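Just the one chain here, laid out as structure tokens, in the form solved without ligand KIV.
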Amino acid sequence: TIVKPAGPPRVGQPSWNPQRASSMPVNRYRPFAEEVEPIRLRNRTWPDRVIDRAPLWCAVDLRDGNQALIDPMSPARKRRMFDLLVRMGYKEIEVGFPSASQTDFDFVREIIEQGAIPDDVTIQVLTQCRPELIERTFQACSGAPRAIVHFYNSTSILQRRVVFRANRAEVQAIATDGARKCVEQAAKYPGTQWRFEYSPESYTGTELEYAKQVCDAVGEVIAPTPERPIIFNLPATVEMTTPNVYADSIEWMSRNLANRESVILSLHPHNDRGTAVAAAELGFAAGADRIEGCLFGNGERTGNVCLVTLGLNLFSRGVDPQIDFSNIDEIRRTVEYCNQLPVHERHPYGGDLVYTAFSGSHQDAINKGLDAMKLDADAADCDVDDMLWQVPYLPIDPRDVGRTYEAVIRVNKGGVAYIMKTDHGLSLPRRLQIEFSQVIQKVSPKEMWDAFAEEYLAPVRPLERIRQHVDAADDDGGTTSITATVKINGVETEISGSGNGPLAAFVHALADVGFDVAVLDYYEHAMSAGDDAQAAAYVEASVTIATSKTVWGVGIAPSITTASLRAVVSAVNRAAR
């Protein structure tokens, strides 16, 4: 159980701080400077640098993220993850560890053999330095027009001591021999353009002078040039300290590595201390050229730096990430499919709750910011969606990620969706729950229902539907025509249209009378069991009356066909409120 800290306060601890020494065994842990080495960089320049271009991005989802899963990816999930990364615009993709995993081997064969790799994409494969594992890495890759062989070995103070029980020259030689084997294998395969990446694995627990020594030594072997450079990848395999010390280390490495013009400086931060995004951002500022990571932070334990957070962290401060995130829910769905692990509710940019507001004053402020943007657009004759986003509490326009701002209204166990289904038998499409909470925002169960009926069910002006005649074609693929008796602002009129179904027909019938309903989406469900249940239909439409608003329509009827036509009328009249 948890017991209240009860030791004396520190010596010199101020009077206004009543905290107590805990009995946590801090003696078992040391400051990073004593665990590893003091990193002094008093002339650092990274704190004075604001990032202004995308890094070279490398997605490791298919290796590092895969390694990390309760259920590793099936051949299908591998392939889906691969096509998402390509389609988002990543150019370096680490596709597996084929010398260590027959399923990685099969996967790399597949993508080579079936032409899944675009000509601007370089596949990357991980290997350890054992020469036969390196041989089989090249074999995996046979037929690739180009590939990065990523080789590595652990170089930490603690691993050299207790894992390898090895000296500095011995641990360096693992890597130089690895490098040598890479050079000889590349020459045995002139059909692939080969590139190299070397990681001093557990870099963050390694002396920087030794990290430099091993990398320089590896570079001497590979012999890279400005046109044919090497990636030195510097991982925080364990994130051991604050991101500034990581940054200081990258700046030192950037200035001190031999042959710096023939180096792509790559970062690979983990998240043990919760600051993996900060390490990537600070370390990029420090002179790195490239960042390895995963969509939504997937990877071993606390994960790899999140490539979504890093990309939109650029977008939202005016830098093009060079990666498409304009449908973040498609990315999220694909990612959760592949990894079979949910993105958290509060995950930056992509979590369920991140475009929500629960505070009444946040809501009021957001509405004023939105209004003031809309006034400025009319003045400038511009589309508000093209202008400087200026809205309190929302770092970005959610529309720019295919998401919607949502004010969440508490209903006096609860919530709109929930009381609507339970007490009224309506399962409201999510974007209908959004739009209607916006209405309540301008509450008890009864108040919400009354408001709901006011917006969606009761209105009869400008459009009312009295009756209609549906002529459905008997033959599949045939035309449906409709004549309907409608009142337009109380005036009885006769409307007619045709379409591939009854909703299409009724939509074309209304166009002739000055209501343009451009239908975006449609849902329907029974309100009970039995062939004679009521049908509730929901229609999303961008509607124009003789400017255009997106609104929802709701209709309820004994007939599935009719419930759908009611929804349309509902929609039309909602657009006029």
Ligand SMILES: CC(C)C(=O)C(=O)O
The other form holds:
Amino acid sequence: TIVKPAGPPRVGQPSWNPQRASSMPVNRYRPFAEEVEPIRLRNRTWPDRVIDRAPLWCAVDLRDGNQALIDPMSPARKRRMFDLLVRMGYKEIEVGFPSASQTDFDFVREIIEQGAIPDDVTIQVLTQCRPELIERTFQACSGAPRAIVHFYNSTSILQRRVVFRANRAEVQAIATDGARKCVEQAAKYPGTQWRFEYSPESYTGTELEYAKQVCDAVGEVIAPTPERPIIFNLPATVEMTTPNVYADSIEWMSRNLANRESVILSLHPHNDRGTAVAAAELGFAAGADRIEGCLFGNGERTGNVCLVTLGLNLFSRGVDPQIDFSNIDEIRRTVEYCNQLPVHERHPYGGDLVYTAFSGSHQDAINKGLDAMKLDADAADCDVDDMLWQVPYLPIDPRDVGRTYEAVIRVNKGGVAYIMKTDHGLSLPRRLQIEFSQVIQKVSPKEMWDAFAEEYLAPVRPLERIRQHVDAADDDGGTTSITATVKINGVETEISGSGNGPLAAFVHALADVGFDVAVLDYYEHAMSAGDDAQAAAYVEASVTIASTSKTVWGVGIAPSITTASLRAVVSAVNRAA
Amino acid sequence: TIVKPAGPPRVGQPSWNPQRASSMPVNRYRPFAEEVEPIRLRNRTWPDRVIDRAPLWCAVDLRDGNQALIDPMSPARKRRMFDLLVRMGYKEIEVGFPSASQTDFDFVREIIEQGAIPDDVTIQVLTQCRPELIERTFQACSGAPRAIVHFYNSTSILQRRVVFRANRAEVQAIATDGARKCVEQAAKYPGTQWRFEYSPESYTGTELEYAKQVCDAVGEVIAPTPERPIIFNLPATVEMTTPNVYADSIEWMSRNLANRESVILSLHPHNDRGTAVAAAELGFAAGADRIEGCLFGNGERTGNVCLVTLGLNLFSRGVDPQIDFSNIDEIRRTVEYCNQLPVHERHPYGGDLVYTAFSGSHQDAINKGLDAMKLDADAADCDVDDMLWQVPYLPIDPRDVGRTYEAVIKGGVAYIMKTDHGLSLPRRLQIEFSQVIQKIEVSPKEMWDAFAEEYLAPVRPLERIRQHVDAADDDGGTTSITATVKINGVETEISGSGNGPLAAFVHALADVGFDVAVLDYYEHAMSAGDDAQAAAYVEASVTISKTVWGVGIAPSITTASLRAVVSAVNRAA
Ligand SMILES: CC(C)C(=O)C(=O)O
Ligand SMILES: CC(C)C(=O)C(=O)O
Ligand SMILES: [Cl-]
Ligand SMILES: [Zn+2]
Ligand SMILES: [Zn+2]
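Next up, can you give the form deposited with ligand KIV bound of this protein, since the form solved without ligand KIV came first?
What follows is the whole complex; the chain from before opens it.
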């Protein structure tokens, strides 16, 4: 059960703080400086540096992400993730651990043999240091034009004592023997341009002076140069303390590593304290060159640092991340298919709720921000979508990541979608729900329905549809023509058009009477099932009217699927007025 | 869709970095120093401080959390969250926005009238500065033994310009008139120990000198003392930049605010950049006294800072958070029930997978760690459960929060069919098809071949060659159809009437021995444009009774629907 803390307050605790000591066993845990070492970088510069360039990114979704899954990726899921990363713009991708996993070996073989690797992309493979594993790693990459061989071994104080029971020389030799084998194997495969990355695994549990010693010894074996640099990757394998301390450690390593001009300094933070993004950002300001992570923070336990958050955290402060996030929903859907794990509702940039506003005062402030941008754009003769984003409560324009701001209205088990379906049998398409909620913004079930009817169902001006004759060709792929009687602002008139179906025909007919309806989307569903059966149709259109253009939804309801579609078009035109 | 970045690399971009410029509109966004101001702090000290005591916590789950939910808390869920917060050890709890919401007003009344507030807990209520709203707030707290009245107004450069259209003096007067009204109402409600909190809302988009001026001016009205302090709560209403810059802001405020001994400096970070936890911790090292957050990071958009993460981040480094997390599963189950939102699988400390090791190598190292602990413990006559935790890959003993270490040893139909073929299958069709596919992993290319072979290709027993639709002109009139079909290869005419073309065609099929009833029907466009293709999905009961899906694809809404009926009839057989 949960036990209310009841111990004494600390000595010195202010009288305005009535908190009590808990009975958690805090004595089983020590401050970082005692667990590992004191890191004091008094002359640090990272606090005074603002990031002004994207780092070199490396995506490790196919390895660190993959092996953290409940269900590891099938061959199809691996290819889909790899193609997604390539398409987004990543140029270094860790594709697996091929010497430890036959499925990973076969994946690396498949991408090499089927020419799936672009010429500006370098695949990365992880291996432990045992000589036969290193050999198998090189075998896996046979025929690659280029590849990064990432070898690692654990250097932490704790692992040296309880896992390896070894001294400093012994654990360093594991790494330098690995490096020696890498040099020897690279000489055997002259057809591939080999590059190396070494990680002192569990770096954040390792003395910095020892980390430097091991990395330097590995570097002497590899003998990197400015034109062929080595990657030293410094993982927060477990995130052990606050991100400022990790940043201090990176700045120290960046200053003190030998042959620094021949080093690409790489960060690999995990999220055990929930501050992986902060560790990466402050560490990059501290002199790192490269960051390893996963899309949406997948990876061992709490995950690797989120590459989406890091990239969009640049974008939103005016630095190009050099990765495309223009359609974050596509990225999300692909990630969820590949990982079989959802992106949380509140995940930065991608989560369901992150461009939502529930508060009336927030919604009002957002509309004022939006209105003022449009006014300044009209004045300067510019597209508002190209102007400086100046909107309270929305860090970015959701349209810049392919999303839409959502002003959610509460209905007095609730919510517009749910009640529309239960009370009126309509399944509103998601973008319709958002549009309609914005109409309501500018509520009881009755009020909701009444607003829906006056907006989408009732209007009869400027366009009313009386009747029509549909002449559909009998044969597949044939033309449908329509003649319709309509009232335009009260006045009966006859219109004509043709199209691949009655919807298209009707749309084309209305163009001659001054309504340009460019159909963007369309959905239909049944309501009920017999002689009482009806169809509900929803049409999204960019509409322009004679005597500017607006994207709007129309709704139509009718016993015929054809007539419901036509009613929806009329509904859209009248919304646009 | 996603387009690979293809613009020129930056000048001076290193040879070893081949990344290209994206086409994202970065020029719509400015560095923080330009959007707001540069950092004013000389000789910061927060980078040299390690937290060594717990802050004063305030939980805003019942307000910031609650108002951010799609399903807001019932009165029962509210009491449950309140009691949870009390039992865990929280002493300040923001219980609502009662002047804006009758449900919050009724809840405040309820916990006061029922005598539900322990002697060491102070409730906190949120209000805007309008005088009528302050009155209503005090009415809600009538009879409270003590209460924090938290009043706020927005101070940021942006909101001053485009929300309020007001200058600095006017915006300061709103806060300061608010404070005066609070002082007035406090004198009219005797006995209650009134306490105040002021937030310059959107603080992170506000000039620091100005934020200081407003707070100082509010404080002059309230006249707090060291025994009766005021809370100045400085929110990252939007998280706008890196946590070090927030922390520099906090340290600056802590050093420059007037009457500092009579101020509890409070942080209220949101998570827009994923760094609220970091902002809080560095902010606390910067000299803040107090932190407002929600359990498991609930709240507007990306949420308020996570109280669980902050508290257990102290525990795991040897500092008592003064809050009990001994049973994090109870905490989580209650939070999930109250918020009706899940804790993510990877959420620090509480998520499903955070104490799981799938890697054989990690499992081995974990076991070596636990064994050496058991050796040191047998040798010292101690329980291992009281010994220093020393286990690779596990920052804490999962038992210390009621959990356990777990050494652990789905075709994607919807996604593949929508992504590769433009088809959004109705949920029940997804199920039907993905069981037919388990029976054959199947590649995407293999999956499509099977979809086509079941839904699109068959032409027996029913093939539809062509048809004439005679649609009623007027609404509500009849539609007739005449179609040329083949039954088991045999050309035959069928004909029928109904309320639309789809009904007419199903009734027509009755004459030929197929009794079809439309149970469900869905249709969607397959591209943009006033001409593109339609996908239709029909679920029908079909005798010569099996209930089956059909799929039709065609340039016309009408024809796609008819093909979907044919598809269904052929699956039935
Ligand atoms: C293999 C190494 C880089 C690792 O994943 C880690 O230390 O987290
Ligand atoms: C009311 C204020 C403190 C708020 O919730 C915020 O600024 O985030
Ligand atoms: Cl019909
Ligand atoms: Zn890792
Ligand atoms: Zn807030």
